[PDB]
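Enquirer: Take a look at the letters that make up each chain.
Protein chains: 4
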Amino acid sequence: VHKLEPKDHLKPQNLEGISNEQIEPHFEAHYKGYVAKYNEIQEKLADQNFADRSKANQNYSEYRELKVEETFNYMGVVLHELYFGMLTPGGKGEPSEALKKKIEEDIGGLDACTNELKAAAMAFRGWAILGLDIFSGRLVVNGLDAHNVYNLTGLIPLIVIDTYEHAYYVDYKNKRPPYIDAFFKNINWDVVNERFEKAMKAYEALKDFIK
Amino acid sequence: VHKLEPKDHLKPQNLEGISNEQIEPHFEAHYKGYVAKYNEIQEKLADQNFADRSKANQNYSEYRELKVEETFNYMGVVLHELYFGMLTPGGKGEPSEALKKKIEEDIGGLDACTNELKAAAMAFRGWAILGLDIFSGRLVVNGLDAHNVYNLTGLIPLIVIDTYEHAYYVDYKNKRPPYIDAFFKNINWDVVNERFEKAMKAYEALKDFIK
Amino acid sequence: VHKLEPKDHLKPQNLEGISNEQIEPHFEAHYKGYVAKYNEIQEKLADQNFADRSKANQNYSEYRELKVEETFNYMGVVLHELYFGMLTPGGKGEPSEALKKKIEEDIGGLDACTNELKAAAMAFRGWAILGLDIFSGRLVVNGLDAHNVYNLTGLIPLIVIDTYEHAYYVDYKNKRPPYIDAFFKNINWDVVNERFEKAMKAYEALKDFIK
Amino acid sequence: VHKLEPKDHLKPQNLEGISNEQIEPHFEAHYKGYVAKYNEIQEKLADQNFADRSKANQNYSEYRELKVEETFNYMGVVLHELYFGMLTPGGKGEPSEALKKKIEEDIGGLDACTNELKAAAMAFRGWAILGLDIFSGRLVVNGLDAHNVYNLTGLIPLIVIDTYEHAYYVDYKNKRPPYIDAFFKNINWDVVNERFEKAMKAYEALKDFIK
Ligand SMILES: [Fe+3]
Ligand SMILES: [Fe+3]
Ligand SMILES: [Fe+3]
Ligand SMILES: [Fe+3]
Numbered sequence: 040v041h042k043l044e045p046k047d048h049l050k051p052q053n054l055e056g057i058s059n060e061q062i063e064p065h066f067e068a069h070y071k072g073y074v075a076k077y078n079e080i081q082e083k084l085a086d087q088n089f090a091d092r093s094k095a096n097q098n099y100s101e102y103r104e105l106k107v108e109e110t111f112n113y114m115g116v117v118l119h120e121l122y123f124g125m126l127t128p129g130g131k132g133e134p135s136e137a138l139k140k141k142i143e144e145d146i147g148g149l150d151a152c153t154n155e156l157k158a159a160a161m162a163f164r165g166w167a168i169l170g171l172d173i174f175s176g177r178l179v180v181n182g183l184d185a186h187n188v189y190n191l192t193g194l195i196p197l198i199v200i201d202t203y204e205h206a207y208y209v210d211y212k213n214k215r216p217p218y219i220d221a222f223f224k225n226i227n228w229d230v231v232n233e234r235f236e237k238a239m240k241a242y243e244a245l246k247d248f249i250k
Numbered sequence: 040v041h042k043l044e045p046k047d048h049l050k051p052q053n054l055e056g057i058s059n060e061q062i063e064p065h066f067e068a069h070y071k072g073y074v075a076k077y078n079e080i081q082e083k084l085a086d087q088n089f090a091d092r093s094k095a096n097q098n099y100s101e102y103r104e105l106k107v108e109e110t111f112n113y114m115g116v117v118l119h120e121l122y123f124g125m126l127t128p129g130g131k132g133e134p135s136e137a138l139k140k141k142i143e144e145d146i147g148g149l150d151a152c153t154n155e156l157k158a159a160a161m162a163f164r165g166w167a168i169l170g171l172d173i174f175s176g177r178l179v180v181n182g183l184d185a186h187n188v189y190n191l192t193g194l195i196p197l198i199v200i201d202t203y204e205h206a207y208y209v210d211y212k213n214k215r216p217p218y219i220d221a222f223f224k225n226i227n228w229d230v231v232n233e234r235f236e237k238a239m240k241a242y243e244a245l246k247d248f249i250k
Numbered sequence: 040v041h042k043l044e045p046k047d048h049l050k051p052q053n054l055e056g057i058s059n060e061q062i063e064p065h066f067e068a069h070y071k072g073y074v075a076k077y078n079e080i081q082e083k084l085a086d087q088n089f090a091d092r093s094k095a096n097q098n099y100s101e102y103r104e105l106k107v108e109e110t111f112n113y114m115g116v117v118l119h120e121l122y123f124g125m126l127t128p129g130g131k132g133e134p135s136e137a138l139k140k141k142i143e144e145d146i147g148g149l150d151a152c153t154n155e156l157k158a159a160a161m162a163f164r165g166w167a168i169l170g171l172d173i174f175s176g177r178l179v180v181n182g183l184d185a186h187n188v189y190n191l192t193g194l195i196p197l198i199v200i201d202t203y204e205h206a207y208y209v210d211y212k213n214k215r216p217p218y219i220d221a222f223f224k225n226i227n228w229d230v231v232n233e234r235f236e237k238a239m240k241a242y243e244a245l246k247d248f249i250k
Numbered sequence: 040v041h042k043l044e045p046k047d048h049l050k051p052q053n054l055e056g057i058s059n060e061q062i063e064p065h066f067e068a069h070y071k072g073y074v075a076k077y078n079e080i081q082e083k084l085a086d087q088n089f090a091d092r093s094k095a096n097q098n099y100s101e102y103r104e105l106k107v108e109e110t111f112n113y114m115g116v117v118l119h120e121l122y123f124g125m126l127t128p129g130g131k132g133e134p135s136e137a138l139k140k141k142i143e144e145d146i147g148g149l150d151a152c153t154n155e156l157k158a159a160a161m162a163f164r165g166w167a168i169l170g171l172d173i174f175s176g177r178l179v180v181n182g183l184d185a186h187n188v189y190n191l192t193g194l195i196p197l198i199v200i201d202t203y204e205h206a207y208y209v210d211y212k213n214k215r216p217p218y219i220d221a222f223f224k225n226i227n228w229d230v231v232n233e234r235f236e237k238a239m240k241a242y243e244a245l246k247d248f249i250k
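Protein chains in written order, with the numbering used here: chain L, 40 to 250; chain F, 40 to 250; chain P, 40 to 250; chain D, 40 to 250.
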């Protein structure tokens, strides 16, 4: 089966506003837990007798349940890697001119975009994502209620904010706003800018996908 | 606001196993209904007073509800366009050698892939999708329980099967299997092959997205 | 295990506005399908080795998936039995004075209640229910997006309307409004009135549940 | 409109294994937040122009969104009141003989029931409930992934365990098992026994609900 292993090199440390105490369980327990479960699902999915494809049924079937949780755990892995990977103590770099221009024409400006992201982060129960919609070529804010609920198909993630309670409860308890501000203070723009460059290059090959 | 309009040129006709009687309400009522509602949401989202961003709240807020249904309706539009757009009476072309090779190494073969797709179509309440996962560069089968439930972020769709009851109830009533077979008989491989080419070119710019 | 068997005596026939052609697959395929799957889940849940309780995990575990679908299928059974059981050709009886009075004080009147029910039936993707909320002792309209999504705990169902597409697609295709009107024409008020009497008697023992 | 107010007298203090620091935000912020939002929804639902019933639509409509979140917030209120209301420092009383006998015949014994509850609490993302199913007259364990997801219609709650992360993150961080044990140490059996008595009396009026 196609198994995954955690990327320890992605673990943030000494962030401004987000303690190591908060990072520890988030990275070591939650993130790694999704990796472990995804692997279990892969093993069971590989067993044609356990996940019998001929018994596939929408009311209940081993195959169905495995596929349902596969999206939950895989997204749990991916989203966390995108989240931790873009955090550096005190932040780094700045959004590129190309990124600023796109945000300006699609969202209205950096000010409008930040407000939009904070709003989505406050309105959603799982994640708030700023990404490129490959179907329209526009930057969009996608809010998720869970790792696998409300995700837009095809979206290339640029900025990912975890709004699950475990992401901020150690430091801020019920107070989400100060956590969102802290997240913005530690954004590694070198990472985001690179993601954008790749996203745009990819979009050039994907334009007019639906004709 | 960014409004959409239906793509009438995508409407299939005289399909083998899928009647015009079945296609009519699916295209004219359902598909166009998602376009209309998406547009309404865009207008309301543009009104900063109605969708007050400062009032964003996860328990309930006008902003939240609009963003939630935005994903439902937008995916409803996109998925339907990908669905209708790949159907031609009696089918057309054949899967490219490049596509067959990728399926072979990622899924195990055309036989394994067809079985996998039919299984997902039988196991899921909304859609069954074969697409390219930009995070691993592998073809994967993604089942959805609704337009916006269980979608994998970043997935580039190649083959999309609608499993909503309105998609086959006119012709087959509760019988989904014969509908799935009929779908396979009308696949326009020229469309799918092109999608694959673009998907692979896009992946080349996206490889090593997470480092 | 605690198994169930379909209640064939509940099958409606010769309804006004709802054909036998529509009733057939709904009762014989869908309803009975939920009974069959619920039974399978019960058998697997009884096997302590398959549904290992010590391995219970929220990301994925055999125990979890079985419990998730148990609610889907059991509600599928119960809701359908309440639905079919209250339909008689051309309708029967009338709402009791006691029922009318409660509706009047809780909802505002029969006119307001009918409008409320039709609205919920049009707004929800699964079911529209008029029932007694045991926590407040008030009649409330509860809309569900699926058999097990948005259900209010403790609610005693009086009137249940199926809004799943399979419930009306044979007769009305995408047109839900005429189906809702037809449903109201075949309501067996003797059944509903009895449900109400029992619900109220039950509420008398349940009042002040939360102190 | 029918508004609600928090029940301050339900706030637990000096629990064994669950600190006041943990209780504070749970009761003062989360619980009271659901009460506030439910009230807002009631006001907006009362405005026939805002929540226009004639515009009821399942893709999106003000009426729909309000009804969706109404279940989220109302259940948030009710479930929390049942949760806090059954907690006393060090626990109190013991399960009645009547309760023990029912558990014995329906579940298999106190030992089996405790194991079942802990399993459901570990397998579900929102709540784990032991209640009386009015349709079968049997005690059942109902797991929920959220306040309004997977709830069984008609269920009369006896024991309610909150598994949301905010319920235990202050004291145990990611460690849910020790929290579940602590919950069992503070159960006020006088409350549970009374709930059971009322539930059984109610069931006597509800037996043979579906005929
Ligand atoms: Fe997280
Ligand atoms: Fe469709
Ligand atoms: Fe149905
Ligand atoms: Fe809680």
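Quick caveat, the hints were computed from the structure, so don't treat them as lab data. Be aware that a few hints might be false.
No copy labels: a pair is met if it fits in one copy or bridges any two.
In silico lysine-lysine, BS3-like type, Cα no more than 30 angstroms apart, as pairs [what the hints assert, rightly or not]:
| hint | residue 1 | residue 2 |
| --- | --- | --- |
| 1 | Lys-240 | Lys-214 |
| 2 | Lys-42 | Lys-246 |
| 3 | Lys-240 | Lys-139 |
| 4 | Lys-246 | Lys-139 |
| 5 | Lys-71 | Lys-140 |
| 6 | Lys-224 | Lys-140 |
| 7 | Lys-212 | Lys-246 |
| 8 | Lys-131 | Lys-42 |
| 9 | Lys-83 | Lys-46 |
| 10 | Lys-139 | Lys-71 |
| 11 | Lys-131 | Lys-83 |
| 12 | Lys-246 | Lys-83 |
| 13 | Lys-140 | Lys-212 |
| 14 | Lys-212 | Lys-94 |
| 15 | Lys-131 | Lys-71 |
| 16 | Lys-224 | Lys-46 |
| 17 | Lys-214 | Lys-140 |
| 18 | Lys-240 | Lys-94 |
| 19 | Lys-224 | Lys-42 |
| 20 | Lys-212 | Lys-139 |
| 21 | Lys-246 | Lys-94 |
| 22 | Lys-139 | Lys-250 |
| 23 | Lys-139 | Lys-83 |
| 24 | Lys-94 | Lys-250 |
| 25 | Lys-240 | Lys-224 |
Enquirer: Can you tell me if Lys-240 and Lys-139 fall within 30 angstroms by alpha carbon in one copy, between copies, both or neither?
Expert: both (16 angstroms within a copy, 26 angstroms between copies)
Enquirer: If the cutoff is 30 angstroms on CA atoms, where do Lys-212 and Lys-94 land: within, between, both or neither? Let me know, please.
Expert: Classified as between: cross-chain Cα gap 20 angstroms, same-chain 45 angstroms, threshold 30 angstroms.
Enquirer: How would you label the pair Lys-246, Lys-94 (within, between, both, or neither) given a Cα cut-off of 30 angstroms?
Expert: Classified as neither; 39 angstroms inside a copy, 36 angstroms across copies.
Enquirer: Checking an output row: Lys-240 and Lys-94, CA cutoff 30 angstroms. Within, between, both or neither?
Expert: Neither, since 42 angstroms and 36 angstroms both go past 30 angstroms.
Enquirer: Within a copy, between copies, both or neither: where do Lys-131 and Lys-42 come within 30 angstroms Cα-Cα?
Expert: neither (32 angstroms within a copy, 37 angstroms between copies)
Enquirer: Evaluate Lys-139 and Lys-250 at a C-alpha cut-off of 30 angstroms and name the case that applies: within, between, both or neither.
Expert: both (29 angstroms within a copy, 24 angstroms between copies)
Enquirer: One pair to classify: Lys-42 and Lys-246, alpha carbons no more than 30 angstroms apart. Within, between, both, or neither?
Expert: between (32 angstroms within a copy, 18 angstroms between copies)
Enquirer: Checking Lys-131 and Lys-71: alpha-carbon separation at most 30 angstroms within a copy, between copies, both or neither?
Expert: within (26 angstroms within a copy, 39 angstroms between copies)
Enquirer: Quick one: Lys-71 to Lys-140, C-alpha cut-off 30 angstroms, is that within a copy, between copies, both, or neither?
Expert: Neither. Shortest intra-copy (37 angstroms) and inter-copy (33 angstroms) distances fail the 30 angstroms Cα cut-off.
Enquirer: How would you label the pair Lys-131, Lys-83 (within, between, both, or neither) given a Cα cut-off of 30 angstroms?
Expert: Result: close neither inside a copy nor across copies, 42 angstroms intra and 36 angstroms inter.
Enquirer: Indicate which option fits the pair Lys-212, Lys-139 if close means a Cα-Cα distance not exceeding 30 angstroms: within, between, both or neither.
Expert: neither (33 angstroms within a copy, 38 angstroms between copies)
Enquirer: Is it within, between, both, or neither for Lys-214 and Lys-140, if the alpha carbons may be no more than 30 angstroms apart?
Expert: The answer is neither: 33 angstroms in one copy and 45 angstroms across copies each exceed 30 angstroms.
The earlier numbered hints that this structure contradicts are 1, 5, 7, 8, 10, 11, 13, 17, 18, 19, 20, 21 and 24.
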